[PDB]
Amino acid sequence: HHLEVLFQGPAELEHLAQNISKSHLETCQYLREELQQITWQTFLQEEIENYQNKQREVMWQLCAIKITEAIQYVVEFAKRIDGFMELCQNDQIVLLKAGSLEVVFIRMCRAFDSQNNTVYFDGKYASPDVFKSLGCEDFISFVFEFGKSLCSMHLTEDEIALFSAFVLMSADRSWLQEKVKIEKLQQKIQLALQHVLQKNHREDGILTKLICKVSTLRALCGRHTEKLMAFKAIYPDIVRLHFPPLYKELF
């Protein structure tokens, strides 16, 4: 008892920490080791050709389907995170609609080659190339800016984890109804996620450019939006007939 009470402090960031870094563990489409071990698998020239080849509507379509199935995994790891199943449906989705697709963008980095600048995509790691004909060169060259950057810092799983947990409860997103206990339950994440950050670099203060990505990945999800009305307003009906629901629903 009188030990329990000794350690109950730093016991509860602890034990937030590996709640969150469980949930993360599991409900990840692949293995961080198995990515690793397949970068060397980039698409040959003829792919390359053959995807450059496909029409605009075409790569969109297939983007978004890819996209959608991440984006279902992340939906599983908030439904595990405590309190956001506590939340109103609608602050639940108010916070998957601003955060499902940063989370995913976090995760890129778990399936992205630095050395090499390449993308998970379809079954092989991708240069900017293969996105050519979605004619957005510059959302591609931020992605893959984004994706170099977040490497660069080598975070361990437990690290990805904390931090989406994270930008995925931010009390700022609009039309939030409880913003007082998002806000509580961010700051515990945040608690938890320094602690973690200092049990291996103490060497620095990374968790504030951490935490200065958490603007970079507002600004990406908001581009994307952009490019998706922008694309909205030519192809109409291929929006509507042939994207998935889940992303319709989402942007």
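Here, rigid core means the biggest group of C-alpha atoms that superpose within 1.5 Å across both forms. Residue numbers count along the first chain shown, from 1. What changes on going to the form deposited in another entry:
The only C-alpha among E49, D204, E26, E33 that moves by 2 Å or more between the two forms, given a superposition on the rigid core, is that of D204.
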Contents of the next structure:
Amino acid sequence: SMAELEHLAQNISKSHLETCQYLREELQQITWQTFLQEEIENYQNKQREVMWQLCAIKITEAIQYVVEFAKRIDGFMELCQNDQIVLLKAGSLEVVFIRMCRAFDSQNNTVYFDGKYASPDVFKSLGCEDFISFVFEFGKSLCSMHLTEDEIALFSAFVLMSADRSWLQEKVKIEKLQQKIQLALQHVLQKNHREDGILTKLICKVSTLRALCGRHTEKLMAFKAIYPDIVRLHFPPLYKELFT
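Now that the form deposited in one PDB entry has been shown, please provide the structure of the form deposited in another entry.
Single chain only below; no partners, no other molecules.
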């Protein structure tokens, strides 16, 4: 029913609001708060492996909030333990990239990182300007859609509840929850007087998201293959656990 979709949206909306690290309006307010050239050069002087470790810390902190986001979605908690893990392994970073759009300046192509808005040049030492460019591209694209917090919440829940992840056990139950989340997202988008082409634009973004996470995975696994002791000893346990 319509009431059931409204309740579902409220559950997911409140879970998101409770588990976002920063208020949307606060992030949007301080886009003028940018790294100075001296600060940029400081990051650029870091060796590749050190810059990566710093970035993994930030990613992992974001992921801890996403784990809590998932835990407060009633439909997610109803799933078996195996499927919860499978979904979070495959989907947590996707949610992080969606959440990035809340902390992105689409006009100036900057992202809120380590306390200030950073250009791609901040990430120079990672040695993968193509990947970084792709990340900023996704951010700029999503951030320019001006999604509300509730729309971001439902879109986040939608990608997390992907019934097509490998190794899932309760495929049917997850499919049901995902379909209902998508109907709720459609409803909210319409209510906010979005054109009907809004949702199909978002669905297209899902492919981009998986490609992004795909790159991150292959980069990390290559790093682990050459530098196994660095990964084992210096990267966050949750990070190693989710992605390696």
